[PDB]
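Consider the single chain below, provided in C-alpha cells and representing the form solved without this ligand.
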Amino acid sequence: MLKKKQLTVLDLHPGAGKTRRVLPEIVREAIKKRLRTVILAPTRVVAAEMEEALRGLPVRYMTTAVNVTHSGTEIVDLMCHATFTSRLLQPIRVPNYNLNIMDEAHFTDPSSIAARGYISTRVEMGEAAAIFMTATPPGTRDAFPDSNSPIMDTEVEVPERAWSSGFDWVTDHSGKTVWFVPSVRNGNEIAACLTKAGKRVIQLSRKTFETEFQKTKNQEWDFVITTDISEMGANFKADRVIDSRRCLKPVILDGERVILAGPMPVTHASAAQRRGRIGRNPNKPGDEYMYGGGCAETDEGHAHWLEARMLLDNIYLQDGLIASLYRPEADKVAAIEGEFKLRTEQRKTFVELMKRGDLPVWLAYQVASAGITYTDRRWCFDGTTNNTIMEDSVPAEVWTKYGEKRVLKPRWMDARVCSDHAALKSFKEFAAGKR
C-alpha cells in the first residue's frame, strides 16, 4: 500500500475494523519506513476515537478535540478533512506528506471532495501514496453491503411529518432507533411527534454534532434523529435504523442562486452508510433497517462538487497546475478547470468568508470574485426583491453595522444561509457586521 504512486481503496464492509484494527497497522509500518504521514478524520468525534485506536503510537493531533502532550518528534499528523483543505488554501506550509490516509473517505462535503482531488493528483504525479478508507467508494451501486451480523431489511412507508395513526411499528419498538431525516427542520417535526408520544429523542446535525453526540453516551434515549452527518463514522449502540432514504440537494440555478432541492433520494453509498449504523455486533443478529424510498445518483449536479472545484482552483500544486477531482467523482460537475482561480487578495477574501464568515463556499466565491472585501456587508441588503429572506412568514430584518434596520435581501441568494433557525441566526449576525 505504502509505495509511491499507489492509491489504495480500503473498502472493507462497514464495521469490518478499518479504523480500530487496520489503521494502527498502517501507521506502525509508516513510522518504521519514515513516511511523513497524514491521517484525515471527517469529524472531531472521529479524531477523538482515532486517538483511542492509535494510543501509544507517536501521532501529532492537530485538533483541540484530543487532549494530549506531543513529544515534538511525531512524523504522523492527524487532522480533520476540512482542516487539511483549509491549511492548503491558506499561506501556511503544509508538508508534502508521503502517505495520505483519509478515513470515512466517502464524505461529500466540499472540503473532503477537494482533499481527495488534491491527494489523488499528487499520487497520479508520482509524488505520494494514499489510502482511502470507506465501505462505499464513489459510484458504488450497492445499498446493502455485508455487515458484522445479519440485518432485517424492510421497505416501508416512513413518516416525514408528525403522525397520529398508521405507523404503530415506529413507536411499538422497545430498543434504540437511529432515524435519518433529510433536513434539520424535518427532524424537528418528527422529534416533537416522538417526544409527545413519550420517547426520549436526541437530534444531530452538522453544527450540533460534537455537543449532542455525547448525549448518546451520557443519557438514556429511544431515538436519535439525525441528518446525513451520521453517515461519517458516527457509532450508536442501536438495534434499528429508520431511513427516509431522502436528502436535500444544493443546486446552483442559472449560475445565479443556490436552492435546496428535494427532498430527493439518497445515493446508494449514503443508503449503505445509513444502514451500516446497525448490524455491527456479531452477537446481536437481527438489527432492523426500515427504508422509505429508493436510491438515485443525486450527487450528479450537486453543488458540493462545483464548490470542491472552487476550492481546488485556489490551492497551489505546482506552478499554474490545478489538481483534478478524484477520477470516480470527477463527472459529478461540469466546470472549466481553473475557472474559479482568484488573485491573491480575492483568494484571501474567499478564505476568510468561508472560515470566519462561515459562508457556504459558493456564496463566499460570489462575494470574493465581485471584489468585495470581507467586512463590506452592503451586498447583504441590495439584492432583488425575490432574494428577500423570510423568518416566520415576515421578511427577516437586522440592524446594520451603521445602526439602520434593514430587510435581509442578499445580492446572491444561497438557501443554506437560512435552511433552519440556527443558519438564519448566523447569517443575520454576519449581515450585521458581528463577525
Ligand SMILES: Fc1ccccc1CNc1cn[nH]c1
The other form holds:
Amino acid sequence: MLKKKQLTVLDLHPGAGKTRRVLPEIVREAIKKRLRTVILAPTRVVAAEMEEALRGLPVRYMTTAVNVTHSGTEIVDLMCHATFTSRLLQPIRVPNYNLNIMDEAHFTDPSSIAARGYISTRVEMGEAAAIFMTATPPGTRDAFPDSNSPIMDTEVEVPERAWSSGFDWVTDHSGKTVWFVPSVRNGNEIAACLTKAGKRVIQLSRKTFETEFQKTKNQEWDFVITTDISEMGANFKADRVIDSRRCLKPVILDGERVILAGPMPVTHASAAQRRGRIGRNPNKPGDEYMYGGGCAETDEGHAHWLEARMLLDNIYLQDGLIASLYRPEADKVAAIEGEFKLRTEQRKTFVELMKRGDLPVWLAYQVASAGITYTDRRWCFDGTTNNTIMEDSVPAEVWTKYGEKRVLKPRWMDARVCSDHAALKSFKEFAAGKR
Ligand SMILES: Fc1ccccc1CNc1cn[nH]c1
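Shown: the form solved without this ligand; wanted: the form deposited with this ligand bound:
Starting with the chain above, the whole complex follows.
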C-alpha cells in the first residue's frame, strides 16, 4: 500500500475492522518507514475512537476532541477531513504528506470531496501514496453488502410523518432502533410522535452530532432519529435500522440560488452505510433493516460536488495546476477546473465567510466573488422579494448593526441557511453583524 504513486481503496465490508484493526498496522508500518502521514477522520467522534485504537503510537491529534500531551516528535498527524481542507485553503503551511489515509472516505460533504481530489491528484502526479477506507467507494451499486452477522432485509412502507395507525411494527419492537430521516424537520415530527407513544428518542444531525451522540452511551434510549451524518462511522448498540431511503439534495438552479430538492432516493452507498449500522455483532444474528424506497445515484448534479470544485480551485497545488476531483466522482459535476479561482483578497473573504461566517460554500463564493468584504452585510437585505426568508409564515426580521429592523431578503438565496430553526437563527445573527 505504502509505495509512492499508489492509491488503495480499503473496501472491507462495514464493521470488518478497517479502523480498529487495519489502521494501527498501517500506522506502525508508516512510522517504521519514516513516512510523514496524515489520518483524516470524518468527525470528532471518530477522531476520539481512533485515539483509543492508536493508543501507544506516536500520533499528533490536531483536534480538541482528544485531550493528550504530545511528545513533539510525531510524524503522524490526525485531523478531521474538514480541518485538512481548511488548512490547505488558509495561508498556513501543510506538510507534504508521503501517506494520506482517509477514514469513512465515502463522506460527501464538500470538504471531504475536495480532500479526496487533492490527495488523489498528488498520487496521480507520483508525489504520494493514499489509502481510502470505506465499505462503499464512489459509484458502488450494492446497497446490501456483507456484514459480520446475517441481516433481515425487509422492503416496507416507512412513516415520514406522525401516524395514528397502520405502522404497529414500528412501536411493537422492544429493542433499539436507528431511524434515518431526510431532514432535521422531518426527524422532529417522527421523534415527537414516538415520544408521545412512550419512546425515549435521541435526535442527531450535523450541528448537534458531537454533543448528542454521547447521549447514546450515557442514557437508555429506544430510538435514535438521525440524518445522513450517522453514515460516517457512528456506532450504536442497536438491533434495527429503519431507513426512509430518502435524503434532501441541494441543487443550484440557473447558477443563481440553491434549493433543497426532494426528499428523493438515497445513493446505494448511503443505503449500504445506513444498513451497515446493524449486523455488526457476529454473536447477534437477525438484526433488522426495514427500508422504505429504492436507491438511485442522486449525487449527480448535487451542489456538494460543485462546492468541492470551488474549494479545490482555491487550493495551491503546483504553479497554475489545480487538483482534479477523484476520478470515480469527477462526473458528478459539470465544471471547468479553475472557473472558481479567486484573487488573493477575494479568496481570503471566501475563507472567512465559510470559517467564521459558517455560510455554505456556494453562498460564501457568491459574496466573495461579488467583491463584498466579510463584515459588509448589506447583501442580506437587498435581494428580490421572492428571496424573502420566512419564519412561522411571516417574513423573518433582524435588527441590522445600524439598529434598523429589516426583512431578511438575501441577494443570493441558499435554502441551507434556513432549512431549520437553528440554521435560520445562525443566519439572522450573521445578517445582524454579530459574527
Ligand atoms: F439595538 C441596537 C443598537 C445599536 C446597534 C444595533 C442594535 C440591535 N442589535 C444588534 C444587531 N447587531 N448588533 C447588535
